[PDB]
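Given chain A's structure and the hints, the job is docking chains C, E, D and B with the ligands onto it.
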Amino acid sequence: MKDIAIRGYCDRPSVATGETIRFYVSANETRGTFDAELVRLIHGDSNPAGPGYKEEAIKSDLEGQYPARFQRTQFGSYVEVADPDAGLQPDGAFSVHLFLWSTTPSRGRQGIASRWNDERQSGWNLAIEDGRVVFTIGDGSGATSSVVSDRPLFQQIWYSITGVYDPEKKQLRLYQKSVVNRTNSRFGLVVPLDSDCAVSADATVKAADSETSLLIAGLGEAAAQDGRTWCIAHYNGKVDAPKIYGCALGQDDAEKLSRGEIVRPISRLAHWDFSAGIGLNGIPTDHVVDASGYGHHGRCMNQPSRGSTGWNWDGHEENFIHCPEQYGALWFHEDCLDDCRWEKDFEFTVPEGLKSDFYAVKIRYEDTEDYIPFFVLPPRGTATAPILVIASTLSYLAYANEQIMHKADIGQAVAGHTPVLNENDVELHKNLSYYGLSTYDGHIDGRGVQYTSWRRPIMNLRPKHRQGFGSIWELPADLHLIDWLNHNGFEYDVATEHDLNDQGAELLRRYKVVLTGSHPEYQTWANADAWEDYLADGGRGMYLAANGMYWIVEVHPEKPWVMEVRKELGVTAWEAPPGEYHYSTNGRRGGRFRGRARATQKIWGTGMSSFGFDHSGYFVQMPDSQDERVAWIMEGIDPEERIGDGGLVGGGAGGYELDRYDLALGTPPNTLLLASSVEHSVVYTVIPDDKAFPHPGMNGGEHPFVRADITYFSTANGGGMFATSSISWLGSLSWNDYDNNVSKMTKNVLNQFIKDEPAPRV
Amino acid sequence: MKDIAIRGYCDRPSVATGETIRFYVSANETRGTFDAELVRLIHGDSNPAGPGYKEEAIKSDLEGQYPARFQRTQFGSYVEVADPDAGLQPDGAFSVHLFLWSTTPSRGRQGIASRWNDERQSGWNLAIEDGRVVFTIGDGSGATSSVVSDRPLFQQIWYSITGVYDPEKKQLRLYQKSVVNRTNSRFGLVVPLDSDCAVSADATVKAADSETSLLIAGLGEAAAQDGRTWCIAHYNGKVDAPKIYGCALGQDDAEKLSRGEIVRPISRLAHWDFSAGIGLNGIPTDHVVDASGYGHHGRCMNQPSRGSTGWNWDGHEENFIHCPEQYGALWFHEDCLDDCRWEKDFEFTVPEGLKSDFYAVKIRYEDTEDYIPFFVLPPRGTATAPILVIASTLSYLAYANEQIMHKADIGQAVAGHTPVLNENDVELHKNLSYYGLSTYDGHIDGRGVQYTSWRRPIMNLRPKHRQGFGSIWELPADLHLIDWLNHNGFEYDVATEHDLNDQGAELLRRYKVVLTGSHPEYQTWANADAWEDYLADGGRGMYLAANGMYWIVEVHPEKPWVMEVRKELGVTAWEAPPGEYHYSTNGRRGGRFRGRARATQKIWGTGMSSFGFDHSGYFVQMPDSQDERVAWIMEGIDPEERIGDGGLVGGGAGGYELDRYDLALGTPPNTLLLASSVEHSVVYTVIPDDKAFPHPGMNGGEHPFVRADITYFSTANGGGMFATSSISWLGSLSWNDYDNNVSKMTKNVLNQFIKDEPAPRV
Amino acid sequence: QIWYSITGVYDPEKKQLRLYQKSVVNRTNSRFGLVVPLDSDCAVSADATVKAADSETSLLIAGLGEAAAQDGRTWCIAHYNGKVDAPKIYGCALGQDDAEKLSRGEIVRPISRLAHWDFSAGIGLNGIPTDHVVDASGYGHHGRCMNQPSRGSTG
Amino acid sequence: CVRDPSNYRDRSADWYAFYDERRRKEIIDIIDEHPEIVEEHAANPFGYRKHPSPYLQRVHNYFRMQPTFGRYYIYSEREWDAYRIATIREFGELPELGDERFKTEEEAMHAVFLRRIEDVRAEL
Amino acid sequence: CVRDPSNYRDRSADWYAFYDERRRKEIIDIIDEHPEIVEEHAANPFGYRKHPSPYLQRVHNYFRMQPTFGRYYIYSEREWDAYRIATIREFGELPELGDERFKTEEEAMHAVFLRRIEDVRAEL
Ligand SMILES: [Fe+3]
Ligand SMILES: [Fe+3]
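Protein chains in written order, with the deposited numbering: chain A, 1 to 762; chain C, 1 to 762; chain E, 156 to 310; chain D, 8 to 131; chain B, 8 to 131.
Any given hint could be a false lead.
[What the hints assert, rightly or not] Here are the computed distance ranges between Cβ atoms for each label pair: (1) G108/A to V179/E: 26 to 36 Å; (2) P304/E to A223/A: 50 to 60 Å; (3) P265/C to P284/E: 38 to 48 Å; (4) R85/D to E366/C: 17 to 27 Å; (5) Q626/A to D150/C: 52 to 62 Å; (6) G295/E to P265/A: 26 to 36 Å; (7) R120/A to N181/E: 56 to 66 Å; (8) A223/A to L269/E: 24 to 34 Å; (9) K57/D to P42/B: 20 to 30 Å; (10) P760/C to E103/B: 28 to 38 Å; (11) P265/C to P304/E: 40 to 50 Å; (12) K170/A to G227/E: 35 to 45 Å; (13) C197/E to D627/A: 56 to 66 Å.
[To be verified] With a straight-line Cα cutoff of 30 Å, these simulated DSBU-like cross-link-like pairs (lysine-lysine) come out: (14) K54/C to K110/D; (15) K54/C to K355/C; (16) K430/C to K691/A; (17) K110/B to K54/A; (18) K691/C to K407/A; (19) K110/D to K691/A; (20) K344/A to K464/A; (21) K110/B to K57/D; (22) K344/A to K206/E.
No lab work stands behind these hints, which were simulated from the structure alone. In this text, a Cβ means the ideal position worked out from N, Cα and C, and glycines have one as well.
If we strip away everything but chain A, and leave its shape as in the complex, we get:
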């Protein structure tokens, strides 16, 4: 069909004046040129019942023609130990020990530990071939020598594997031993497992210098060109404590290494401890320490999961910062990606007279037309507007390259209909290697994706994209608010949640009112602190969304383009495995905000109540609508009207996500309840956070928790928070050509908050 022929991304989400942003572009093949120009995004939704797509051209130094070329992506987690001087290719006898835990032991050939060239079969490796651990040496002639284990591995069982090369006997040996205990494996000690072997073979050849790096969980593709080794046969599952010896080990040495004893410490050529670097702040680094004392330090590539349960993990401690000796594993999936690592094609330095708004680079290739969005800040330390719009870039990363309808069996069940998918949803399915996975997707192992990255082509971030749950989801849903603010005469600035994480409440206090996106679901702990500190002293805000502070996020300290989330039972897609709840960026718990005594009620007045994606409802006015203290809100609205019966997103104003009033979760006591939503269906459900025992009938129309709630409270020093508690509020702003109750209410509150008089103090 209309296939995607050009891809691209930018290196950073937001850029102030006088700063450089770099744009990395890739084509299907190296031919032709492509065009590029700068646009200002105004509206994104191409629904014929609305305004249609809107953009504006901007003259810049950025535009021109550039050569189109294919750029290759490395895809899959591994550890790369750079060995320039062939020290880890030993000249005589050498032994390799490691602990293993395989999740897909029959998914092709999977290299475990290797200094191995695979173009010419030179070096040594340790790999899984047809479910069996194989230890192979070679010398580049094509002639190799292997030893194959008698016992095929089981899935998710800890094994202790030793490979031995011995020239004195001209012999390859292999030791295998399962080290199951009560908690570390898939099944426990009641199973009479027999997976111990000790096999030998005749090494007719000698191992040669492979001219590659050493790789944990992979094999090297060819000889290194310009110092880069390419990884090919990716392993899935935990590796714990690998080490290389300069001698040949016996069976008593293998038996002692299976119990965790370090035998012959003077003979270790290398020993990588994956738990070295854990303090009370976690392990926020890609650095892998050589514990032998020879400086063969490694580097984690494409972010394998650190702080993972080891081979000796009994469950007496479930926090990896208090028992680092039982957390020496790294998970290593084959479909991870933290950086595409492409070569830059062009870059942009922001001029002085460039307004702070949403921007995109429009790349015009042969028939494919691609966008690359970015965000432009005001000059550093200054504000150029009274209104601040927060772009929800952390939630853009959470839903980045989302593949629910192609992967999740409950995709159509959460929706209330069959999904409608673009060619972008076909392009993600056809080329998974170019893009990666979302945090709502899982790996090929089964565990969900914790880490997501900005430095990759994110295809559901383009403004002409329409998502599968309904109409539109993340950035075109914020272009609704942008188009409403441009149709009226409001002057605004744009910040991101990464900028909020960097700058604190000092960013927010430059503005009289701060607005959120349509779905600001993922926040850091410092963003919640900044919002609370802003509102506690005269700050005003509008929360024009639902599901607004649900999951705790930490931005990675060494790599600020990578986001971490670990999830638990709640409104979730996956659940974290039992001892692995704590983040590795900071050493803290970080599940739901509500489970850390920081529910969304304690800051924004309302918080997560229900979800469902068939259609939307409308709001019905509560008795606080006729209160004299909120006559400024309900100003041009008859007291018997439906608020928001019609809209682009879902067909109404109350829908897709609902937040409610709750004093026990932390609503301020002076909050008024202006309206509440009705006409919700069986597809909407009560969230698992609110259930004790699941009984029948906890769904829309049949349970009191299924509602959205328009609220308002006031804070000290003339501040106040307004909330509408629905995603599809912003999709109802441009209904009936901007002549509706939704835009009247939002405009009344926004004209009140941009004044100099205090917020009206309910």
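Chains C, E, D and B with the ligands only, in chain A's frame:
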């Protein structure tokens, strides 16, 4: 109507031969006598479709007439500081400071801290009256002097409260100050809270020796008779760091005390640190340490919740053993009971030739008949039979004095019918002070009950009790199995789960086969270790039940009759507050076994899948039933028949709790799936642990997880494990006068497991 | 032997070399303490007439490069004496607000860093027995100790 | 300034009254549009081997989740001989029993069902 | 003695087959006993302001929770102008598109519903 006139408990659940059990009986009023005699429990269910009630009298030295009397029960949590020398009634100036966190601040008069006599109004106290903190002294002539706060207390807000008595100005003073932070209280920092006040009043009287003990969270009733002080005006909510001074404090000093600074350390008279004693194994003690060097050590009474979040808790650490300085609180519910502390009426020493079985002491008062069930063991180190029946006494404590149908609003919705309730539930509803609460109950605060005790009259432990979900629930549901074993020729011993906790796998290895109860839901960690050590080495077991290893329990070491469970999301009645998931008896996580990588599939083959209580289903055979390796199980059973269509519990053999085969949770690889249950209704639901997103249709007959699964696997050394995966299995053994498929299958597996040959090795 | 926080800024938009100096003494880190009324804070600027070029040397902490690197080896001539803590290079121009936040140890603008060498990255329970200096910005610009500087020094 | 907690109340009660009014009107409309669910529940009130209709189940889903102050239940006066309908009161009180006795608990369940329909009609 | 993992398998598939058989028979019995739910779905496949019947919702609850390999969806060939019906394949594979084109997406949803009913009738 029919009121209960006589009660009773025993000191310990299980007693071996040559050992002593004490009995504690209370009548409604002191008049007359009562009779007592020993019986053997055989069958408890009085359903006319079944065998009817059965028992057997035993001649013993226990029987006779005993004087009836009313025994008063102290009910509610408090800390008691014994002061015979009146050291904590000072003669001159004194001040009191504490941190306050009140859950029901407008519920009666609640004594916070006191050394107070309430008959004659003597001493001093600090109490909540009319929602306001009042500090009152009194001389013992009816004349009191008070000082009342200007600001009422908000609900679940942390306060810093100083009460000062200054004789130099003849002035009672009081200081109140809220100490909220981002995480410790009900609402957060955006609320412009104004509950700070400094008030004063004239003091006309002097405080006198109240001749009571000092009490945290309560007032003393009268003068101490025989050394025992009674507590009347019980507080609800957290108290943190109480201290008494020998001087008069100013507003500067109270302001420094609100920041946690210990002002004037030489002037302290007492200072109780509620976090003194937290090691790496929790705080398993009632001793409260005086941190002022004066030896005024305290004592917890009726088990207040140790390990509670304190006034300065920010959620960076959520385990009290790693940050003990932010966990200095106790919760102090007004409806806790760890021991009724009655007087012994009669005792019993188990004779030399008494069989190990279920026993009870039948008490025969005027028109009322109460039983006191206990358990008789074989002699220490010997086993008198090849069968061990485990009585599920931990699960009996969990459901002890269950009041779901009177308190929980969703109690009928979890069932599928209107509950039928006896006079015992009416007696629990009428006299709450005598009996206590279950762990499926919440407190009056709303937070669920974490501690349950054996030394109290447990009314649903009696065999003639019928329960609200259906027919019968815990001990008559095990009398089903006892009646089936006595009807056939099988010879068994009886042990409890407390004995299994004490004795390990050394208890289990004296037997050929061990049988579980009908619902062995609450287990300790060591019991799961004992079962895994028994099955891993030649042991045989039958799991004639479901929901069998769900929650982690710890028995209190200093008080072996008290059980602890803290709960999370899942199949729960309540969830623990955000910083308090770790037990106080040992400092370990311990919620669901499934979240600790110790699911029920790893040991017993099947694990918790579904629940619902309207009626039961029948089983349909699977293609492993026609296998030649398990033809001994399906011996006299036609391969076209239903298994268990009809029965006393629900009308079928698959019902009320369903367990399934699941390899990912840890089912052994050589497990055969023999049969599965059908005909479940919309009442039966999928558990929250198997849900990612709630969608419509996760109930019986619309989802694959709603099934029971009869399984069998074999272990090493001739062992094996049989599983029926349903509560209502034992209710179907006595159907059609013991002539049905359920009893035939159970008799086949039990005749195989008592032979000397190994298990048939699937 | 007084601890200072030093930011050198090259701003082409104003054609301006800037420099920020600020003493960060506490009760224990320096030669004298907090009773000394120290005044060594300054913010100066100068015009920049030239642009910086590729020196064709390695980067050096505590020294200057002598000539262009011959056979890959860079020689060091103007040797510094004393402690250096947390050196970092940015891709933008910093203000006085940013240098003031950097003096408190806050890592301002983490996405704009070009390199950041953490001299304490690698301390386990067995010391730091290595010459490898870790780039804590994610760009792989890893360092190397030469002639054994004292690792484990007070910061 | 927030200084007195009696000046503040739970404002979700104002929506619970609205929701309960809508929901009672809905349940009496379902009972009037489908009168055979009453005789269906009279035949088999447990749903044993004949599961309830979805409209009967929707009526059950309204009735079973109500707050327990004022909730009907069945009191076993004599087990398998006599059954009475009881009303839940505060802690420390006896239930308010009905005058009519029943033989089987299925008859008591259908009588509770009919009395709940009579109460939800009498409130409108 | 457990030594080779190819000797073992997931024996819950023997019950998933048994469950799918009963479940497909129940779904075609619902569609035969209530023919009006197909026209109910054709009038409004979103249930916008007219929520679906319990029998139509039971048919939806069967169709929507299937495994994704083989599942039907709608491919927006030209948005608001043309819609086709696709079938999900493995990773790396383009989907198999349908022949017929549709104007609105509600027509495509009802054609997916009809084609799923045809495919569940074809296996029996
Ligand atoms: Fe979400
Ligand atoms: Fe239970």
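Hints, verified against the model:
1. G108/A to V179/E: 26 to 36 Å: Because 56 Å falls outside the window, the suggested range is violated.
2. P304/E to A223/A: 50 to 60 Å: violated (36 Å)
3. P265/C to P284/E: 38 to 48 Å: Given about 45 Å between the Cβ atoms, the range holds.
4. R85/D to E366/C: 17 to 27 Å: About 19 Å separates the Cβ atoms of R85/D and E366/C, which means 17 to 27 Å holds.
5. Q626/A to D150/C: 52 to 62 Å: violated (33 Å)
6. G295/E to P265/A: 26 to 36 Å: Holds: the Cβ-Cβ distance is about 30 Å, inside 26 to 36 Å.
7. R120/A to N181/E: 56 to 66 Å: holds (60 Å)
8. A223/A to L269/E: 24 to 34 Å: holds (30 Å)
9. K57/D to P42/B: 20 to 30 Å: 23 Å Cβ-Cβ, so the 20 to 30 Å window holds.
10. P760/C to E103/B: 28 to 38 Å: With a Cβ separation near 49 Å, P760/C and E103/B fall outside 28 to 38 Å, so the hint is violated.
11. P265/C to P304/E: 40 to 50 Å: Distance hint for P265/C, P304/E holds at roughly 46 Å.
12. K170/A to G227/E: 35 to 45 Å: holds (40 Å)
13. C197/E to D627/A: 56 to 66 Å: holds (58 Å)
14. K54/C to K110/D: Measuring from Cα to Cα gives roughly 24 Å; hence the hint holds.
15. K54/C to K355/C: holds (17 Å)
16. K430/C to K691/A: holds (29 Å)
17. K110/B to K54/A: Given that 30 Å is the threshold and the Cα spacing comes to 24 Å, the pair holds.
18. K691/C to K407/A: Judged against 30 Å, a Cα distance of about 16 Å means the pair holds.
19. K110/D to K691/A: Roughly 37 Å separates the two Cα atoms, so the pair is violated.
20. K344/A to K464/A: With Cα atoms ~25 Å apart, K344/A and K464/A stay inside 30 Å; holds.
21. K110/B to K57/D: violated (44 Å)
22. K344/A to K206/E: holds (23 Å)
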